[PDB]
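Trainee: Below, each chain spelled out in residue letters.
There are 2 protein chains.
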Amino acid sequence: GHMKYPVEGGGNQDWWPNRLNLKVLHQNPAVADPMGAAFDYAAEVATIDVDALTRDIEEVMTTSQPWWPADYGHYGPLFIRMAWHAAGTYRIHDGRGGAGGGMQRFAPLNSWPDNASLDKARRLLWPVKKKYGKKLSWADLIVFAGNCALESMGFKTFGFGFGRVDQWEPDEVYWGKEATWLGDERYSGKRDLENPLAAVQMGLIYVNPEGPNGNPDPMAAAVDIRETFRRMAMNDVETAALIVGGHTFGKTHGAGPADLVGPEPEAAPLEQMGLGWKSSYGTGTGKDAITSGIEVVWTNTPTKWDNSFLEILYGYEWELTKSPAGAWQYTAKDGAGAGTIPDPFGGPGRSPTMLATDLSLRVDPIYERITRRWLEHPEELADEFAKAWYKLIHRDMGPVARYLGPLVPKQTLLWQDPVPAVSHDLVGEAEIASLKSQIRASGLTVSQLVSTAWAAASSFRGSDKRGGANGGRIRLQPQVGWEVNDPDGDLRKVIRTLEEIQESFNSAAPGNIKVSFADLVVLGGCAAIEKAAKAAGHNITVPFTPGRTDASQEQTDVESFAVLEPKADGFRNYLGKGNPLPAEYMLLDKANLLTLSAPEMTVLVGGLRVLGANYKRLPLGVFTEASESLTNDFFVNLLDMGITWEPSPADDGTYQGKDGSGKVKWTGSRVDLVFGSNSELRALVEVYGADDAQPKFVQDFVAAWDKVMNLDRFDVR
Amino acid sequence: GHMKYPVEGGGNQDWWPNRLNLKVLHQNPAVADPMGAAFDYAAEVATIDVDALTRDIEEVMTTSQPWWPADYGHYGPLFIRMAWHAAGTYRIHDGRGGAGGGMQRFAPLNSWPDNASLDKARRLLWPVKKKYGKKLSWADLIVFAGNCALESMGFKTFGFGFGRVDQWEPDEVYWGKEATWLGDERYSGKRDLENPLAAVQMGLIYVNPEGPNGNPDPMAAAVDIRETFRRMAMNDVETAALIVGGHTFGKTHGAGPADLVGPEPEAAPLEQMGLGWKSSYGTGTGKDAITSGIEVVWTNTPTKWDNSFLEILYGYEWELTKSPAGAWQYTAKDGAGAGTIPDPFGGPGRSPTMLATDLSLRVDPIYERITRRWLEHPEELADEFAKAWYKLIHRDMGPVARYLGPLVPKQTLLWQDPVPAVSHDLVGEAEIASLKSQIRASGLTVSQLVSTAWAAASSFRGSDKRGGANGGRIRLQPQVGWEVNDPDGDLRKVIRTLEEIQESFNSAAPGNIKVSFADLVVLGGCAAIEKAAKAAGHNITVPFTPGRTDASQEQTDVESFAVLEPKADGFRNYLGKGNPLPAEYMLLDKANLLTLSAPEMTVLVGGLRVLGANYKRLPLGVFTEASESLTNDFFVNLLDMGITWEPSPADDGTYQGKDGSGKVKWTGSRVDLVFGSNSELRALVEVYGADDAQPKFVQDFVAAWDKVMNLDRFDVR
Ligand code: HEM
Ligand code: HEM
Ligand code: NA
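Sequence order for the protein chains is A and B.
Take the position in the first sequence, starting the count at 1, then add 23; the result is the number in the entry's author numbering.
Take the position in the second sequence, starting the count at 1, then add 23; the result is the number in the entry's author numbering.
Incorrect hints may appear among the rest.
To be verified - Chain A is faced by these chain B residues, among others (derived, beta-carbon under 7 Å):
| # | residue |
| --- | --- |
| 1 | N44 |
| 2 | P131 |
| 3 | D194 |
These are computed hints drawn from the structure, not numbers from a lab.
C-beta: ideal position from N, C-alpha, C; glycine also.
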């Protein structure tokens, strides 16, 4: 296996195939962003005429282009699938995927077999992107196209928020271990899906339209649908509503032999201008179009919202049959309803058809009773579908503060992990300063304070922008019993103490100024850091931005927050069972979810060790003589060639480091020692380990600490 | 075959193995740099105490550490090998490798077979880096430790320049296609080494120390020595000076069998802390050290400069033997010189040895002539080694303005491609205005003025920082005769006119203001771009930094400049024969060498095309109807779905774009069409092709043009 020039993908991974890849800590570099550092997309979208935009999208939807002719003269349904697939890569195990970065226009998603024909779909929208320019991201435009198509065709959606900022480089995400398109190496037992995957095969959105592994058993397919949709945050009602609403519109495309469909866009030749799946069957487009291979028109009104889907589904009995491309699909028994389903280009009427996965909605007991109801109550269908469609298209949006434009309903939605609004006034400097002092007198150790503060804010993941310290959800279930949060010890005692100063400041409130318990957690860790820095000769002040609000168990979907629990957090030297990769890979992964740079992770790890942030106050990595002092000691001692490291006898994944006398002087995890072993981390360590580095380490530690405290704070930026 | 987590190296390269890798246009991104944005290494080293730095380095050289005890109680020889290997990766074909970025501390170079034991060498100097911190780069220290080692042991070096800026991410370089260490797949013809390479095997600095492919034949080895050292800028005299002066010091290491040496640093377990090649042979170090597996001590004075090496080489007859690890070496015949050679740790005394490649200096007719002369006149050896070591340790520093500190010698060196000092007052704003207008009245076209300026300035490559518009070498051999600069017609016409303008301005200037030819070439293109921006309805002024001076032919080494000749320049739609990859990979490589970002690269192609910069003024990519006009027409038309693109029937690497009538409207190359085809590049094209994009396009194109004109201008930086 030969080596390639860098410009062809060659590099150090070819020589050391499973080495730590720090490039996950500089995804989307700024060198590669064509917009200024000063580019402010929020400011840009504020200026967008949404009616004009909707109109222009309306014109695109009904102007057929010769190079991909519009089914029934309306691109609407294509655009809805496009939007549904854009959002449809989301997964709750890491919150990756989804439509929020517009990743569908980049590798690999732009070439997934399930995203076939969406190269022409996105391409049709260029006249729009061309007219609105920097005021409209592709990311906004792709889902807003779907939303408009829904409206254009008779369905009133719940609303839309703009604000997805375009990126310039594909998000690097694990979609599975299979090196084959459509491959399946992800299951175990009886249909246990490999975490963190939410699809049944490589390059599928959710499930196989011909049933699992091509076996068109609607009862079996429902097992997959239920499971994959639940990993994309949709329960049974949401799932059934979404499918019915989706397949109320448009058509599948499978007019001929699929071996006449050329390479996917990333592999296609240059003259195809980013498009792929060029096809030699017929005209290759329109009446001859091939996409999935299936040939199904679910309803007789493919460009109108009505209840056809559930009437056809229940009004006929279903025979297994074959598309013109050898794909399993269902059609009506007894030749019933001949010629009732209209042809996309004026040809003869056809018979009713369904997908294997559509019949699941009628065969599976839980789905059957949900959809039978909607057969006699379409207003309920229309309602649960709007709520679910809105949720689908905004899952990765983050806190509601991020939603932009004139189309965001004010209504509270529990799935957004809602936070009460700032009601009273906000603590100013004098007040802030005071409360640092009381917190310092609380009797809470720097270890207690810092570790609790880190526990709240570090709950944030930049993938879907959930979690974080706003909400005060650390004192609520489930966060309060998380083994990493070690409720066992002082989580309660710190919670209980910290609410006391909430009251004491509030019960003796000067006027209208109040403090949330969510803020005291963050102010606590802040003030402790100030203390531990003065203990080390440095008088400094840690920034603190108020405005967080408390929140009740009632506004905290316990099972939704389950997925935000760390199975590992190197910054506290915690490693639970079940992790997919050694502890140093989980370190980097956690830092990527925290939006941290490689230098930021480094200074954070070093700082937190010497402060006591370790899970169960363990000594691993605590390379300092001093107690609760803010030194660069961790870096200095890591570089001390006087220490010899050897794996612990007990196979803990612990190491001992001995001095000259052979006495054990230090212990550490793999997480600790990777900074001395990895050639690129040790470079950073050596920056912060030098004689002239103590003030810079502190300065950089604070700025990165303040960065984690502020991760979820879109209300103030 | 299996897909891996991005943190373990997964990505889109795995699905599309030979795809363009735009990550080459954001090497070493700011987010991964731990210093602030205000950091200026030049400012920091400028204030180092060199005298104290030297004493501390001398202190380390004579202070043996138990984990790698010092041969003869002196690390000096080990540090010379380290400096020579750091600089020794340099190759002329593309200017890459060398010591300039301190890449030896990063993969793959820190794990090269030829760099075994250097892991400990670099480790030994942490006490020096630790002490000076951000005043002293690893790059500067690594090569300075070797220079200090030389003077410590009796050799007065010529001087030394600080200024190598440390990096944080391995420079990705093509070192060959061999996926096996020490593999050889790089010769065709009769012993022709593949370009750009300059080593005979993968992970060698230059040549195999046991002769070609381990055939210990001095005469044949010599042919490799000659050719690799030539591709590293060293002629016969410099090469022999280097090998003699080098092996005047220290010893090789092979006390035991080589399969007792553990994995190289990047494959070594965490506890080894970046050190590799753990040896289970004896103590694994010191008297037992195994680096190369050869066990030669050259001189009887390993820690002192003298003429012992050539005295030993010529005072004995040599015969082939095996080291304790079974490697080929030579030893004296007839048990002569037994015991005359000291052991590194106490030791019984041993008899003369040389490497096969050392005998080449005596067996090869050219080298023998040189080395005999120095046997009889060793003062001459001292001089040539001083010049050649200085060249070696500084070959990639770039212009002499980058050399910092009190040890920088003042003499001009032809190999530095020198440039005259500014002799007069430089042009101010009024002179620059007047001269711009004189250029616009001259008769030279926008096309001629932009082409000339681009040809001069784009000769810079940021690898070794050679070339550029300063020096005015576009009017000298060889640049004036390069095919891409197409001297059959306009270039000499252009040169004459700018000289006439320079003469007439200088002979009438105010006070003592004078202007160089070199400045007028760049000024000319700046003036052309303002005129064309105006024709497109923009009133921009293109910045301009005076202060280039005019080299003479005598200060211009014709042969040394040959490696700078472009065999591909996508910015001019030029593609010669003999490039390693297709045209679009060469475009990126050219952008990389110019230090351009993907957005900067995209804006320049767009601008250069409509401006007329194309080699031979061909229409490929000239997607505009306007002459001499700086519009964004290239991106607008590239994105025009009304054009249909097919490969030209003449199979000539061009393409035809037809509109609706079926008439050929545009033509283009792989370089043009890759901006409409690559999904990352098309994203950038969509920014600059929007309706609102045209002022942003002019602004960024001007900024990138300015960056390119100033690439070599370290005299103002
Ligand atoms: C178990 C869940 C689902 C399965 C198995 C599935 C599968 C499919 C398949 C195979 C096609 C054929 C594509 C082609 O050949 O053109 C299709 C089309 C379509 N899908 Fe679904 N999908 C699912 C869920 C959804 C959802 C949740 C939505 C929207 C909320 C949706 C909206 C659409 C639309 C509008 C089309 C027609 C596109 C057009 O007319 O060109 N689907 N679906
Ligand atoms: C034909 C080119 C050369 C070859 C084949 C060659 C080969 C070698 C080899 C095999 C070693 C022993 C490695 C070990 O086990 O430690 C060695 C050592 C050394 N080489 Fe070279 N070398 C060459 C040129 C140079 C040059 C240009 C220099 C410096 C100017 C140099 C300086 C040294 C030094 C100082 C050592 C001593 C290492 C120590 O004392 O620890 N060599 N060389
Ligand atoms: Na319908």
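Trainee: Could you tell me which of the numbered hints above are not met by this structure, giving the numbers in increasing order?
Mentor: 3
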